[PDB]
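Trainee: Each chain, letter by letter, is given below.
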Amino acid sequence: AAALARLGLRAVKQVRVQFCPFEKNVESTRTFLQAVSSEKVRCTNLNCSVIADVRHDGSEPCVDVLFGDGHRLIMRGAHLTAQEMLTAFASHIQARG
Amino acid sequence: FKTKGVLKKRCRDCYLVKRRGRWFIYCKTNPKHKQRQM
Amino acid sequence: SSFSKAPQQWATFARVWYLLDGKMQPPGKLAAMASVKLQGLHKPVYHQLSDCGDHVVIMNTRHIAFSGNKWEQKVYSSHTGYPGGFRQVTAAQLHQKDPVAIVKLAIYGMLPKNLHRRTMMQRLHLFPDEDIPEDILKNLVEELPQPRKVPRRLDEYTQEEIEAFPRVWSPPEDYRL
Amino acid sequence: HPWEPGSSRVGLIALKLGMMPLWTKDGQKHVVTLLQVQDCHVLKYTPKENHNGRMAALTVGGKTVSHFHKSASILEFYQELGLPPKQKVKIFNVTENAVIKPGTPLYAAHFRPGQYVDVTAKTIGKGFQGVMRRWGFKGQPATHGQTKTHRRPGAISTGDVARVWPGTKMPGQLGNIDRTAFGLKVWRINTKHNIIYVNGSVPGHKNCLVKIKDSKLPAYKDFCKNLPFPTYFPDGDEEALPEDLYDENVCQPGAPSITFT
Amino acid sequence: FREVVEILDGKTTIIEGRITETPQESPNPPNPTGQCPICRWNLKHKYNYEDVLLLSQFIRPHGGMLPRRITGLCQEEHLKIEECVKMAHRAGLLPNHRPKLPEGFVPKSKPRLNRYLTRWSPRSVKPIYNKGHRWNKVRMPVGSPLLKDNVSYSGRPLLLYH
RNA sequence: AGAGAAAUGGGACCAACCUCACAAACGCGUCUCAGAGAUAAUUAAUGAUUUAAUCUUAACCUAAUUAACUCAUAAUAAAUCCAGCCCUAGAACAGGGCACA
RNA sequence: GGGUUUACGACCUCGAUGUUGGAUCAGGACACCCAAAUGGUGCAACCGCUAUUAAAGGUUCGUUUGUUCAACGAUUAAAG
Ligand SMILES: [Mg+2]
Ligand SMILES: [Mg+2]
Ligand SMILES: [Mg+2]
Ligand SMILES: [Mg+2]
Ligand SMILES: [Mg+2]
Ligand SMILES: [Mg+2]
Ligand SMILES: [Mg+2]
Ligand SMILES: [Mg+2]
Ligand SMILES: [Mg+2]
Ligand SMILES: [Mg+2]
Ligand SMILES: [Mg+2]
Ligand SMILES: [Mg+2]
Ligand SMILES: [Mg+2]
Ligand SMILES: [Mg+2]
Ligand SMILES: [Mg+2]
Ligand SMILES: [Mg+2]
Ligand SMILES: [Mg+2]
Ligand SMILES: [Mg+2]
Ligand SMILES: [Mg+2]
Ligand SMILES: [Mg+2]
Ligand SMILES: [Mg+2]
Ligand SMILES: [Zn+2]
Ligand SMILES: [Zn+2]
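Protein chains in written order, with the deposited numbering: chain Bp, 2 to 98; chain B9, 63 to 100; chain BN, 2 to 178; chain BE, 88 to 348; chain Bx, 35 to 196.
Keep in mind the hints are simulated off the structure, nothing from the lab. Worth double-checking, as some hints may not be accurate.
[To be verified] Here are the simulated DSS-like cross-link-like pairs (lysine-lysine), alpha carbons at most 25 Å apart as the crow flies: (1) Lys144 (chain Bx) x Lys24 (chain BN); (2) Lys165 (chain Bx) x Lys75 (chain BN); (3) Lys142 (chain Bx) x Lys24 (chain BN); (4) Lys177 (chain BE) x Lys225 (chain BE); (5) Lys144 (chain Bx) x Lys75 (chain BN); (6) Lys75 (chain BN) x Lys120 (chain Bx); (7) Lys213 (chain BE) x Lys98 (chain BN); (8) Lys30 (chain BN) x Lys165 (chain Bx); (9) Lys142 (chain Bx) x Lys64 (chain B9); (10) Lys105 (chain BN) x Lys150 (chain BN); (11) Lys150 (chain BE) x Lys116 (chain BE); (12) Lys80 (chain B9) x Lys75 (chain BN); (13) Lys177 (chain BE) x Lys112 (chain BE).
[Said to hold, decoys possible] A few chain BE residues that don't get close to chain BN, going by computed Cβ distances all over 12 Å: (14) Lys116; (15) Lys175; (16) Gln227; (17) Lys279; (18) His280; (19) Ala306; (20) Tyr307; (21) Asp324.
Positions of the beta carbon are idealized from the N, C-alpha and C atoms, including for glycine.
With the sequences and hints as input, model every part of the structure.
Mentor: Listed below in structure tokens is the structure:
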């Protein structure tokens with residue numbers, strides 16, 4: 002959360018985390034959601050829309066970031082670590098935007 | 063840099079690293095906390 | 002056994018040319034056997050007053066190996082005699098300058114400190130690579146074993162040996178290398 | 088062979104005639120030394136691998152001498168070559184593409200007006216000279232009490248060392264040694280008499296043999312592009328060069344007596 | 035083993051994780067009741083910097099070490115194996131465990147000096163110009179003191195400073 | 001960053017001035033003076049132990065970097081004629097000339 | 001930790017190791033005055049103050065005083 006707050010997330014429009022909380026491989030995605038929906042991430046930019054889609058039979062947790070450069074970062078996280086997803090998202094945001 | 067015999071962190075942002083065979087207390091916020099173990 | 006006097010004397014006090022590979026070998030362990038063969042301490046007929054001394058041809062001197070951090074620590078000090086002419090070169094710099102100098106100085110120091118040292122050093126032949134003249138190659142008799150066993154790298158291991166060696170631990174499937 | 092960026096040219100062996108003043112178009116006055124190339128011939132050629140392993144060696148001979156005062160080997164060598172004996176014989180490190188056939192003559196037009204050269208020669212030998220003239224040491228006072236010491240070197244070493252160091256400056260021979268002057272500019276080339284006008288002073292007395300070559304300084308390493316690369320062949324052009332080749336700044340003797348504006 | 039792959043298809047970035055098959059431990063260990071990998075395969079005080087077939091089991095493809103919480107070694111064996119991997123990398127074993135730099139592999143440099151049992155790093159040790167006298171001699175360290183407990187078949191101790 | 005000038009020191013030399021009643025020596029006068037590697041302190045790139053970071057007595061290549069010190073490069077570098085006579089060569093011995101005239 | 005000052009000791013020399021300052025020539029150490037590469041500053045700039053690395057090269061001319069020192073005049077990149 003601190004690494005995202007020190008990044009200037011002002012250049013992102015929508016972030017949606019679609020997952021099923023009754024699976025066995027949603028821990029990383031749940032922590033990713035809690036890190037990207039922290040208070041500092043909220044206050045650093047208020048124009049962003051953070052959606053948390055909860056399903057029961059999707060069985061494929063994933064995240065989708067549409068940001069105002071017309072860019073779409075889609076990460077279907079089934080085995081990635083939360084730290085790796087955080088670093089990838091941060092590096093991509095700081096690269097484009 | 064100050065060459066000393068005993069290094070100690072003077073703030074919470076000082077980090078101790080081993081480089082060129084010596085120990086170094088590096089500080090990014092307060093550059094006057096730069097210490098080098100002789 | 003039933004030789005004549007002159008051929009028996011010649012056969013007994015004849016000189017022998019030995020070969021020595023120096024690739025991936027310690028200079029001191031090379032110089033030990035080199036100095037032994039140069040002095041003639043390998044002959045039961047040896048004597049300090051006799052001229053018993055064999056030739057030693059060391060090849061692959063450029064590919065020599067130093068143990069530990071000796072390449073950067075061991076220094077060689079010389080003095081040109083003039084004031085301010087005291088030089089101290091690192092072993093690595095001396096090797097980059099003259100490849101034979103390292104093992105040459107090693108054998109020179111390991112040899113005895115009498116006047117015979119120069120004579121038996123004249124019977125020492127050092128070559129940086131496997132480029133020995135034909136005249137010297139036609140004199141060799143045998144090749145001495147390397148004093149240090151060179152270990153194989155990971156790529157030099159056969160697949161049979163790699164599969165024969167057991168996997169001591171099991172990495173988890175969720176880990177990423 | 089064509090010229091390459093890493094090529095080296097052969098040199099000459101001339102005779103130091105004397106010195107002359109020479110004025111430039113900006114009013115300055117320099118001093119030039121006249122070197123006359125009397126009889127320069129390439130005597131022998133040693134291959135690169137047989138001489139140095141880096142560059143080949145061309146041997147050049149100087150002015151002609153008498154047959155009756157040379158040894159049998161030198162006379163045999165010159166008889167096999169087909170030339171009369173030379174006085175001074177020098178060796179020049181050249182590249183493999185700038186080699187010339189032994190027995191070819193070389194002329195002063197080898198150098199062109201405006202160029203930098205190196206000049207090697209034995210300096211004027213002053214014999215066994217004292218320490219004050221050999222090393223520029225200061226003497227003791229003249230008359231304030233000093234007894235028989237007005238030109239002595241003084242102390243030569245230290246008491247604890249109990250010896251003197253090999254680099255100790257002491258009286259001895261001074262002058263009869265080979266020295267090289269670097270970066271001498273050429274102003275004028277007299278082609279009729281084969282004379283070169285080099286800038287400044289040249290080591291050695293007059294009427295002595297001087298070994299001239301291209302300047303090996305790093306500032307003039309790629310100047311040989313416009314110069315005649317193998318050598319100056321006067322029969323290749325089939326057109327005689329002017330009597331005097333001057334530089335672009337030399338006040339030629341026939342001049343409008345330049346005045347400022 | 036898990037691998038992270040990236041797919042770029044028209045300003046759309048897809049990050050995917052793929053799990054591939056990994057080799058497991060051999061079925062019959064000599065000491066099954068041992069808690070530690072080395073100390074249960076009976077390799078304690080047996081390996082060295084030359085045993086690359088053992089040192090290469092747990093390292094990253096770029097020569098880095100593996101975490102102890104993931105491997106399972108006891109702290110002393112982990113430190114020993116770390117120093118042995120360092121010494122092997124410095125001696126020249128494990129040549130395929132380096133990053134591939136196609137831009138940097140072309141500008142060749144001075145040839146690598148052969149070495150072995152190197153304790154310190156070659157870019158940090160200063161040359162001993164004084165070398166000391168007989169009573170105060172500046173000895174040169176060879177090998178690591180962590181390998182002083184290895185089995186000595188000859189009976190003589192290892193000269194760690196020479 | 002870019003242009004010049006000078007001083008010191010190393011090595012040399014008399015066209016002119018100056019010392020100068022030998023043809024020379026001499027300064028007070030004139031000419032020339034350099035490329036590559038390498039490092040120590042100190043900066044950053046990649047990256048594990050310590051899936052973050054971290055210049056690394058962690059490996060791989062990395063780059064910006066003092067003076068020294070080495071090396072390009074320069075000088076010498078054609079063996080057995082030497083009585084005598086000259087010499088800008090020299091204490092002696094050595095060394096260069098003795099055909100143009 | 002060093003062995004520059006004064007002292008302490010009295011070990012080598014009293015059938016001699018000639019004793020301060022200067023003139024000439026200097027060799028070396030670095031605990032660097034200048035020149036070179038940097039770190040920190042209560043470093044805005046010019047000037048500074050400290051610390052690190054580096055000893056190939058330099059480190060002036062005068063009045064007084066026998067002076068080493070010291071005061072003073074004019075400079076130097078500095079007058080270790
Ligand atoms: Mg004379
Ligand atoms: Mg005087
Ligand atoms: Mg008197
Ligand atoms: Mg008198
Ligand atoms: Mg008297
Ligand atoms: Mg003595
Ligand atoms: Mg001068
Ligand atoms: Mg990392
Ligand atoms: Mg950083
Ligand atoms: Mg050289
Ligand atoms: Mg003669
Ligand atoms: Mg004392
Ligand atoms: Mg006392
Ligand atoms: Mg006594
Ligand atoms: Mg007593
Ligand atoms: Mg006495
Ligand atoms: Mg007596
Ligand atoms: Mg001195
Ligand atoms: Mg210092
Ligand atoms: Mg300074
Ligand atoms: Mg000094
Ligand atoms: Zn701090
Ligand atoms: Zn264990």
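Trainee: For a C-alpha distance cap of 25 Å, please report whether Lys142 (chain Bx) and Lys24 (chain BN) respect it.
Mentor: holds (21 Å)
Trainee: Please work out if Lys144 (chain Bx) and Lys24 (chain BN) have their alpha carbons no farther apart than 25 Å.
Mentor: At roughly 18 Å apart (the allowed maximum being 25 Å), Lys24 (chain BN) and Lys144 (chain Bx) satisfy the hint.
Trainee: Keeping to a limit of 25 Å between CA atoms, is the pair of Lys144 (chain Bx) and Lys75 (chain BN) held or broken?
Mentor: holds (19 Å)
Trainee: Does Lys213 (chain BE) pair with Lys98 (chain BN) here, judged by a C-alpha cut-off of 25 Å?
Mentor: Since the Cα atoms of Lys213 (chain BE) and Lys98 (chain BN) sit roughly 40 Å apart, the hinted pair is violated (cutoff 25 Å).
Trainee: Check the hint pairing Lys177 (chain BE) with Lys225 (chain BE) against an upper bound of 25 Å on the C-alpha distance.
Mentor: violated (39 Å)
Trainee: Just to be careful, I want the Cα atoms of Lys105 (chain BN) and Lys150 (chain BN) compared with a cutoff of 25 Å; is the pair within it?
Mentor: holds (22 Å)
Trainee: Run the distance test for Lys177 (chain BE) versus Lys112 (chain BE): straight-line Cα separation, threshold 25 Å.
Mentor: violated (37 Å)
Trainee: Find the nearest Cβ of chain BN to the Cβ of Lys116 (chain BE) and say whether that gap is larger than 12 Å.
Mentor: About 43 Å separates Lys116 (chain BE) from the closest Cβ of chain BN, which puts it past 12 Å; holds.
Trainee: Assess, step by step, whether the Cα of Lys150 (chain BE) is no farther than 25 Å from the Cα of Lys116 (chain BE), and give holds or violated.
Mentor: With Cα atoms ~32 Å apart, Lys150 (chain BE) and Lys116 (chain BE) exceed 25 Å; violated.
Trainee: Per the stated criterion, does the least C-beta distance between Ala306 (chain BE) and chain BN lie above 12 Å, as a non-interface residue requires?
Mentor: holds (29 Å)
Trainee: For the pair supplied as a hint, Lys30 (chain BN) and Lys165 (chain Bx), confirm whether the alpha-carbon distance does not exceed 25 Å.
Mentor: Holds - the C-alpha atoms of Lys165 (chain Bx) and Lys30 (chain BN) are around 21 Å apart, at most 25 Å.
Trainee: Checking a non-interface call: every C-beta of chain BN should be farther than 12 Å from the C-beta of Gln227 (chain BE). Is that right?
Mentor: Answer for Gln227 (chain BE): holds, closest chain BN Cβ roughly 24 Å.
In the structure shown, a violation is registered for the earlier hints numbered 4, 7, 9, 11 and 13, in ascending order.
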